[PDB]
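Generate coordinates for the entire structure from the input sequences, incorporating the hints supplied.
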Amino acid sequence: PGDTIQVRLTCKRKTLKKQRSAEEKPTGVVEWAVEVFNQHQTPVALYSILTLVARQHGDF
Amino acid sequence: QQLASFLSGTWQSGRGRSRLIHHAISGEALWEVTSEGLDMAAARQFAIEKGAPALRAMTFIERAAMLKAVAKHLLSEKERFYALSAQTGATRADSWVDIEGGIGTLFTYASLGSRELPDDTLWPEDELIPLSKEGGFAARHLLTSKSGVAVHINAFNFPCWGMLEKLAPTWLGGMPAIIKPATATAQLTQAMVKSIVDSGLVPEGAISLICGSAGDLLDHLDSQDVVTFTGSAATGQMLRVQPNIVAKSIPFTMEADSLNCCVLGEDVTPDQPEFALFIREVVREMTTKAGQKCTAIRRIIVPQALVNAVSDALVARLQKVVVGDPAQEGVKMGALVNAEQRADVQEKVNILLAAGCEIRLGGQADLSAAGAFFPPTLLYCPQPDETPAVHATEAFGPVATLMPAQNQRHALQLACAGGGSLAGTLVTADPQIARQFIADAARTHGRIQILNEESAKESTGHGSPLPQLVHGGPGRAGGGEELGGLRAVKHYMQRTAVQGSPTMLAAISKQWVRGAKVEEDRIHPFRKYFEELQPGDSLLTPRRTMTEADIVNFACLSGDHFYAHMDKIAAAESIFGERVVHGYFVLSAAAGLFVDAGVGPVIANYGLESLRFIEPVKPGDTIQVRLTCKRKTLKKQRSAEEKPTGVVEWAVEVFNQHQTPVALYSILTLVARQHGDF
Amino acid sequence: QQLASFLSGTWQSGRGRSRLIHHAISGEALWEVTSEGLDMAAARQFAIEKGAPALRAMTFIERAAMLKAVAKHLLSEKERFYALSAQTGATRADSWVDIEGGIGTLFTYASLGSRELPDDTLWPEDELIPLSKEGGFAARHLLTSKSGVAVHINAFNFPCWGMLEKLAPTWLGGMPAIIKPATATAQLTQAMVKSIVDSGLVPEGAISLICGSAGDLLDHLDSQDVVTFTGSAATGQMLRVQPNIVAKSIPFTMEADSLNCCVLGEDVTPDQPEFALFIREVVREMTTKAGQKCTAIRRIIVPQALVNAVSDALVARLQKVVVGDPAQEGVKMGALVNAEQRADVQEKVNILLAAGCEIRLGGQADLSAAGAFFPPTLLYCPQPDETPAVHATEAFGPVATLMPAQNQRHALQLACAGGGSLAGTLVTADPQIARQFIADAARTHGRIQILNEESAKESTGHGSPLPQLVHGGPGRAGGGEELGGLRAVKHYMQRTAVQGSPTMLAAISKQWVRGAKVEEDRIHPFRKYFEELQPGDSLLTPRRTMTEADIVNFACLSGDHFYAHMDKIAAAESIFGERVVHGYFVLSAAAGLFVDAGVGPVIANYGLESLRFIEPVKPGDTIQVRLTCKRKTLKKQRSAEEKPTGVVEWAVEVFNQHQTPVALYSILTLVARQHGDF
Ligand SMILES: NC(=O)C1=CN([C@@H]2O[C@H](COP(=O)(O)OP(=O)(O)OC[C@H]3O[C@@H](n4cnc5c(N)ncnc54)[C@H](OP(=O)(O)O)[C@@H]3O)[C@@H](O)[C@H]2O)C=CC1
Ligand SMILES: NC(=O)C1=CN([C@@H]2O[C@H](COP(=O)(O)OP(=O)(O)OC[C@H]3O[C@@H](n4cnc5c(N)ncnc54)[C@H](OP(=O)(O)O)[C@@H]3O)[C@@H](O)[C@H]2O)C=CC1
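Sequence lines, in order, name chains A, B and C. Just so it is clear: in the first sequence, position 11 is 11 by my numbering, and no numbers are missing. Just so it is clear: in the second sequence, position 83 is 143 by my numbering, and no numbers are missing. Just so it is clear: in the third sequence, position 411 is 1149 by my numbering, and no numbers are missing.
Honestly, the hints are just simulated from the structure, not real lab data. There may be inaccurate statements among the hints.
Cut-off 25 Å, straight-line C-alpha distance, at most; resulting in silico cross-link-like pairs (PhoX-like, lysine-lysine) [unchecked claim]:
#  : chain 1 : residue 1 : chain 2 : residue 2
1  : C       : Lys932    : C       : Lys816
2  : C       : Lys1195   : B       : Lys193
3  : B       : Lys517    : C       : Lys1255
4  : B       : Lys577    : C       : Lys1195
5  : C       : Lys1306   : B       : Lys703
6  : C       : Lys1306   : B       : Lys588
7  : B       : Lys308    : C       : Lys1086
8  : A       : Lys25     : A       : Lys12
9  : C       : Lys810    : B       : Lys193
10 : B       : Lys128    : C       : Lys871
11 : B       : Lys628    : B       : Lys128
12 : C       : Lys986    : B       : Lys308
13 : B       : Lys577    : B       : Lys110
14 : C       : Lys1195   : C       : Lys1266
15 : C       : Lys1255   : C       : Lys871
16 : C       : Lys1266   : B       : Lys628
17 : C       : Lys1356   : B       : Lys703
18 : B       : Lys550    : C       : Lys1195
19 : B       : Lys628    : B       : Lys678
20 : B       : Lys193    : C       : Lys806
21 : B       : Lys254    : B       : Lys128
22 : C       : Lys1373   : C       : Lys1356
23 : B       : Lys570    : C       : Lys1195
24 : B       : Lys132    : B       : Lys696
25 : B       : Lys517    : C       : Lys788
26 : C       : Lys1356   : C       : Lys1306
27 : B       : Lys628    : C       : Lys1381
28 : B       : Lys408    : C       : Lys1070
29 : C       : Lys1381   : B       : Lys678
30 : B       : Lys132    : B       : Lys695
31 : B       : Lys588    : B       : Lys696
32 : C       : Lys871    : B       : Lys132
33 : C       : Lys932    : C       : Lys788
Computed Cβ-Cβ distance ranges for the label pairs, DEER-style [as the list claims (entries may be wrong)]:
#  : chain 1 : residue 1 : chain 2 : residue 2 : range
34 : B       : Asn613    : C       : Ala792    : 54 to 60 Å
35 : C       : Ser1377   : B       : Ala307    : 36 to 42 Å
36 : C       : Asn1291   : A       : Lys18     : 42 to 48 Å
All residues carry an ideal CB built from backbone N, CA and C; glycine is no exception.
Put into structure tokens, the structure is as follows:
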């Protein structure tokens, strides 16, 4: 308690998908690298989330 | 055939030298007007000692309901007014403006008096002006209604509208009126006054009428009287130098003739839709009421590279204008009201022709026809800045000159060279042209309409003076302002800056001020009905300690994660010093403290008047809320089924353990009434 | 010794017939004034085409900072003004009012122009007036400053105050002034004007000065000029009928002298402190500035059974007042200004003695004394209603009549029988007596001070015209109002009702209206600094679905357990139909949506302008907030260490899934600036 929390969201890996049908939305599994820290700037709870970010232009 | 003047409660008439009213479309005289021998002092005496205390005893809400009742009584029998207005030579579309705008002025002042005026005789227009550091000497401005008569002198344009745009602020501001219509078309004004008097709605003496010359009315006015004029400038300057109006220093308000510009911008090209709506607006404005309205376009300012296009569009649009009798089909323009007005128009046309030019049928007008007709006239002036007769002489009919400009800087000078105008129009699509035009040409105009494609779909027009916009320009246009919303009822009131202790100003204004004595009476003010609330009925709520968990729960619940509330580092660097409680959480916990959870007379909140957060509320800092009533201001129960209610305004004052005021504001509340009226 | 005239930027002087300024307390002539040969048309020409575009190009915030700078520069060298003001016969405590009231009026108008005026050349005073059902045509009232001069004709009472109470509303309302002071005490006025000019704070041509007769100025005035008069009634009624003022229809604001009442109530008995403060107020008012202030008490109305007590108390208090030289000790009242004023006061006292009575040393005044001395005079009138000379003839000195009344209904008629008064006073303790007094005697008075024990502690008095209260009464007092707060700068501005589309009014007024076009630019408006915000920078927030759990958590957190939100049975019988979301929770979740959680230029909120909950929000009802900028209005950074900032107002427009607006309001916000001015 009484200990601030500041989060450093940063992108890590893009790796698009291939749009297995013609109807489905084009997208890609962008992985972010979340890095929480406090007022002493030491890293508490550094982890990594996956995220299905949609694409602007499909291919198939 | 006499025209009976309504003086001292009785439809009297004159005995002596008389004028007469010609039928404008045919030529015969079917009325004759006189007011000689009428006791003019007895009219003012009866008005002041009969109708002025009967109006000044009413509240403003009752005087707004009276205007709504007169409007509903006069809207029903509106068809006996078109028969009298067809005698003026006006069409059905012009008399529709003349009647329905005059009655919509009544409905508009009713809806303004029933929303922004108190249930009282004295109207405090300010909030409060504190004049002391300790808080025992404040002052506020009271508006008390004057105790005299309002002599209105109208003209021949709008007998219905031009009376009722002066009679609704007069009655709403608590004065009896003595309307003097012009003797050219006073019969429509007598029809209006007879329809008002034969209804039992207004008190006796609260309206008078002098069909004919006044003669000895301006020589009898007390200092608590006002005079409003509308007509020519030459007569109104003779009435301003009248040796009683300057002796008693009574307010003389004058509206005169003008030279209304209509400027076309450089951004408008003939392929744009702006050009067609420009030509349509100029033609409809010049032909509505046969050009006999005070806000008619009489100077069309166009750029030099568009003069031929504007002229060839205006002539091709104006040759379709049919001048004739209004009752027969296919006729758009009506006629002028008199042959004397026809001669007075054409003698100004000849003055404009002494230095200008000609595009259409100008001075060619038959001065021998049985009917006061005048053709639509579009003049021309090739040297606009070298001809001072264009910017000084107006032809009060369908006449409107056209003159070129030079790239939006000569256009501003030609729009401002009118000596003060009454209305104007810039037709552009570029808004930075309109910024310059308002910045440099609203000094001389009174109501400017910047017209474009979005405006022209639902525009009321250039010659439609709205009942909630200021009608009146400076200089040549008189100077006096009318119809300004509630700015019109303040010409009929005296603004008295009343000083004293706040507990005295609470009893004078029948409100609560800031530090008045309070009436705490052991029960809850939200439990009282409307008829047993008094302004001063207070409430001292229990306390609530603003803890650190309160900030966190409110920032979670709302989502307001602002750095002065949820961050400890950044709030140490901010102006407060540490984390503070949310202002909206103080606003919400206040209503948590004073609102009764039960079912009571309080129906809905729906409002919050003026919130200011003075000092920050910190963690570990208690909050105590002082709910006290300020205004009552009931509603008039517009149907028979609806619940009787009134907008009670509470004055909420939060404070802390140091008793300094944090977050003082004011909420509106629709408290139900115990007993209805309608 | 010549006394110059600051015309056309040069300290000119006249060549011809000259009046001369006598020393008041001794009797010699130490200045002499003339203005013959001075080109007045060239003076107005220089003030219009040199000083008016230099004032009208400034914003209102800069024109208030100019008034604050002139106030500080004139407060610094204030000791060279008391030496000039002691030549007028005033004391130190009577010249303290004259100097510091004018300089405090300058500071007051600086504070009003900094707090309630925009960073703009134009000034939109309304919110908005919608004139259409769809929303494509609206109108709002603008206030553009006039493009002429203000001819202020002052008097001999207040050279410092009486100029500076007309000069700060003139300069704050964007006009150059041409002050014509009285030729009895023009030396203090030229000291003020020279201290203003020799500082570089005001532009050139923004002030002029004619120490002497104008003669040719009023004949050369354009229609954009305003004229303000303060003096006798008989002169100002000759200047109102001046043919150019009525021909060009220029505003003529007149302040004349009146018979100010001071009514004592029936509830006051001589054992109460009300009697003591009544006698103290009457004596201090009548002896301050030798009774020469325009708001001095000149009719003491007492009850019939208290004539002897009031008379004995006024005799026992007034005989301690010493008339003599102000510099020597033990002298309270100073002297008059001229021997002509002594002759005028004595010949008005003789007219009052043609039908009155006598209680003290009255008309005995040595007309050959070296100095304009006059003893304090208390008259009497045993028949107050049967004597029309008391209610019509003022004595402009230490003279005031005394007259009885009959039980607080004859006192109202005697207070109203003055024919309009500049100020008044009721001294009571019962507040219903004050209610009955303001309800009938505020029609004739311009400023009423209800005086009691709680007010008399920190009262400014009866003869201190406040810089934020209306100074001016009807009828005999002139009719023209002054100093009404921001009502004084509106006499120098033309009120123009600018119509058009709201996206046009947003660029005309440099604000946002209701339906203007927006500039959504992919980042957050709370991240922008001050100088990169524009009015129209919108924000379309994400949605938030209001649910039943939201109502439950907010009614739990605040404590607002009102039956339309918590109870299910009574919500089915109320006006809504079912349980609704709290209005304050819509207000709070809005700020949950649009507020940036980060550290940005937004410092504090402290404001909520005008909230109205239009339609109710139910469970299962999304909410989408439209945060858009409306005003910028920067502050002036009163120190060099303080952070530069400016009050930005955001217009918040919440709506729901049907896009109908629930809960539209406006919040103030203190956004920090990028570049300061110090
Ligand atoms: N609002 C505007 O801009 C208007 C402009 N005009 C201008 O007016 C000119 C002609 O209209 P006009 O008929 O001359 O209007 P007037 O100048 O004749 O005066 C109009 C009104 O004032 C009344 N009136 C005239 N003299 C006195 C007086 N001494 N004391 C009291 N009331 C008086 C008239 O009564 P009576 O009718 O008995 O004289 C009428 O009611 C037109 O050419 C046009 O320029 C016309 C109408 C209004
Ligand atoms: N505020 C008030 O209520 C005041 C009341 N008074 C009343 O005034 C009476 C006399 O004082 P007085 O000094 O004679 O007031 P004035 O009648 O002299 O008028 C005062 C001002 O008007 C100026 N003035 C006079 N004639 C003209 C003119 N024709 N054109 C332009 N300006 C002009 C005077 O300048 P000049 O000095 O050159 O005439 C002075 O600046 C007193 O008895 C008192 O009753 C006195 C002062 C103010």
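Is the straight-line distance between the alpha-carbon of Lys1195(C) and that of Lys193(B) 25 Å or less?
-> holds, 11 Å
Regarding the pair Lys1195(C) and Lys1266(C), is the alpha-carbon distance no greater than 25 Å?
-> violated, 49 Å
Hinted pair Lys577(B) and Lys1195(C), Cα distance within 25 Å = holds, 17 Å
Given pair status - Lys1086(C), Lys308(B), alpha carbons within 25 Å = Distance of about 21 Å is within 25 Å: holds.
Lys986(C) paired with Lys308(B) [C-alpha distance capped at 25 Å] | Holds. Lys986(C) to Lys308(B) sits at ~22 Å (cutoff 25 Å).
Between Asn613(B) and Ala792(C), does the beta-carbon spacing fit 54 to 60 Å?
-> Cβ of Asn613(B) to Cβ of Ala792(C): about 57 Å, so the range 54 to 60 Å holds.
Has the given pair, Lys1255(C) with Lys871(C), been kept, meaning a C-alpha gap of at most 25 Å?
-> holds, 18 Å
Quick one: are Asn1291(C) and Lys18(A) within 42 to 48 Å, going by C-beta?
-> Holds, since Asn1291(C) and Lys18(A) (Cβ atoms, about 45 Å apart) stay within the stated range.
Straight-line alpha-carbon gap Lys1266(C) to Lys628(B), limit 25 Å = Holds: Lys1266(C) and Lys628(B) sit about 23 Å apart, inside 25 Å.
Could you grab the alpha-carbon distance between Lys932(C) and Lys788(C) and see if it respects the 25 Å cut-off?
-> holds, 19 Å
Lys871(C) and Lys132(B): Cα distance at most 25 Å?
-> holds, 22 Å
Below or equal to 25 Å on CA atoms is what counts here, so check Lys628(B) against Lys128(B).
-> violated, 59 Å
The structure fails hints 11, 13, 14, 18, 22, 25, 28 and 35 (numbered hints given earlier, in ascending order).
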